[PDB]
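> Spelled out from the first residue to the last, the chains are:
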Amino acid sequence: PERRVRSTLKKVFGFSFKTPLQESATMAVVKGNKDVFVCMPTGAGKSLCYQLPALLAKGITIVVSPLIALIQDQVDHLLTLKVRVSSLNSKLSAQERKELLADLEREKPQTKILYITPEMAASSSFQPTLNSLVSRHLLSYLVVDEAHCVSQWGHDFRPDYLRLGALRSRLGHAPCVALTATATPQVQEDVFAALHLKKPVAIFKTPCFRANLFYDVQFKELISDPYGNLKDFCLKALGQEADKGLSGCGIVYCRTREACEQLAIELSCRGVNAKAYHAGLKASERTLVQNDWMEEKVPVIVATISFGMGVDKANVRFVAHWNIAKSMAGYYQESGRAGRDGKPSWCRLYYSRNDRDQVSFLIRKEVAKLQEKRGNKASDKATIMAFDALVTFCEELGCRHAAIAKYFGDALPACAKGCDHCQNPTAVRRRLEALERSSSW
Amino acid sequence: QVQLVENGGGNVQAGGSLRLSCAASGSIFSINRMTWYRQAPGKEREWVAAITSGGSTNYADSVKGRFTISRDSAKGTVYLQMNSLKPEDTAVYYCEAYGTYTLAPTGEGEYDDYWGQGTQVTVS
Ligand SMILES: [Zn+2]
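Quick mapping for you: the protein sequence lines, in order, are chains A and C. Here the first sequence stands for residues 12 to 26, 28 to 453, numbered as in the deposited numbering. Here the second sequence stands for residues 1 to 124, numbered as in the deposited numbering.
Bear in mind the hints are in silico, worked out from the structure with no lab data behind them. Please note that a few of the clues may not be correct.
Stated by the list, open to error - Each pair of labels, with its calculated beta carbon distance range:
| id | chain 1 | residue 1 | chain 2 | residue 2 | range |
| --- | --- | --- | --- | --- | --- |
| 1 | A | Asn143 | C | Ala40 | 44 to 50 angstroms |
| 2 | C | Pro41 | A | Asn45 | 31 to 37 angstroms |
| 3 | C | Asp61 | A | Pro171 | 38 to 44 angstroms |
| 4 | A | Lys393 | C | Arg33 | 38 to 44 angstroms |
| 5 | A | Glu13 | C | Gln39 | 31 to 37 angstroms |
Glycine residues also receive a C-beta, built at the ideal position from the N, C-alpha and C atoms.
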């Protein structure tokens, strides 16, 4: 029952689950009645969802993955837990290889979990093994990690993955589990179709929505004192405990370096200490400023794309975007650095049609430079498509969280006075209608 | 689970009209293809008309321009307007919810095809 999962969880891996979803996903794999899809975040609970069932399975669990780094790092950890896990890769000595292939062909093999590349899984040099495994009914699950690699609307398309559809079909008896971290509903629809996944596909997608975060859009065209507006915003978000004075830290994002330097200074002078972060600075300078912000010598940082959340923070109570980001995902990713501690936080986008256009041009320029180097890809469509969705995020009226959830493919979220539009629908209508007056400035 | 239920069926005279709706219960996010099928007793199921996610509509050549299907996106309900009926059109009418992506905010959801109960429709 549930009983089995608890014991195998503690006895081996030494744990309860990180998410009640992670639990219910794993459980549904284990019952093995249905193919299953998992789109969780970079939180490696995805791994556990297929691994734990595999050990309960009284049969062999194949596990496709696209490159070796990914495999090795996991199979090592699986070994550390005293688990009969095996890799079959083209970076393997002839003798190692032939020893495993032999293992698989045995009545009652050593191997419980086989990590294969799509290359090996395709190669005729493995097919008979495959068939004989099937024939002895010794295959208990087929797993497809980084499933997004099957979709051209994905960020990491690998033709090899396309072959996997046929494979699933061949391995009829066995359920299939697909997993990824980042899947637009287009990707997920590609997955279900490309990997010929049997209905009913059971789905375990972690929603992108987060209660404690408050999204809003402002229009730089409808603001007399921009710098002042930012001060007020930073101030309201910080100093949530006024007897202490200033509590928490926050981020300001720019496209350009001059913007960053200039904006740090303007904020600092208005009484809100901020330091700049851009690739323009020397490496030493950057690593110092990061510490200052991390130790809360400086409550605010003003940064370009080069942040990369190398070391992210719990008490980030505001992320303000001075220019629109390249993608809805890029804004979600960036803004998502806010409120990791679960305490109320503020995410603000400062939209401009002037900005929209300059970035649209820069996207077009850096796409044309790849088309002449390479050619016409369905990914070039996606680059612009990804950006159009975020222009639409700004320019349309509606729950800011539900606009996000549409793009990522989540249920309509429980906002609860959790964004500008949900809080005051009339002031948003005003601000939009206002952008039409000031359309010609 | 998911429920697909039809209504709007009944008895009419030749050259009459009816409007049919199949109501989709459950945490629906999308339905790849909602399809209208009719079952004359003692004969083969007939494909009638169908609407894709994003409102693209196609109809059988036997019911072209007489029948017309629509989605009240807000309602989450699809309608088959049947005007200029004939005794041929006398059948049971039901829907196929092909590629029915359901999902709650817990992350827990499914993807399956559902078939409706179906409403009796007689044309004198
Ligand atoms: Zn909202």
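> With reference to the structure, classify each hint as holding or not holding.
Now the hints, each set against the structure:
no., hint, in the structure
1, A:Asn143 to C:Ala40: 44 to 50 angstroms, "holds, 46 angstroms"
2, C:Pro41 to A:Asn45: 31 to 37 angstroms, "holds, 35 angstroms"
3, C:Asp61 to A:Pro171: 38 to 44 angstroms, "holds, 39 angstroms"
4, A:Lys393 to C:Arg33: 38 to 44 angstroms, "violated, 23 angstroms"
5, A:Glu13 to C:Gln39: 31 to 37 angstroms, "violated, 43 angstroms"
Hint compliance for this structure: hints 4 and 5 are not met, and every other hint is.
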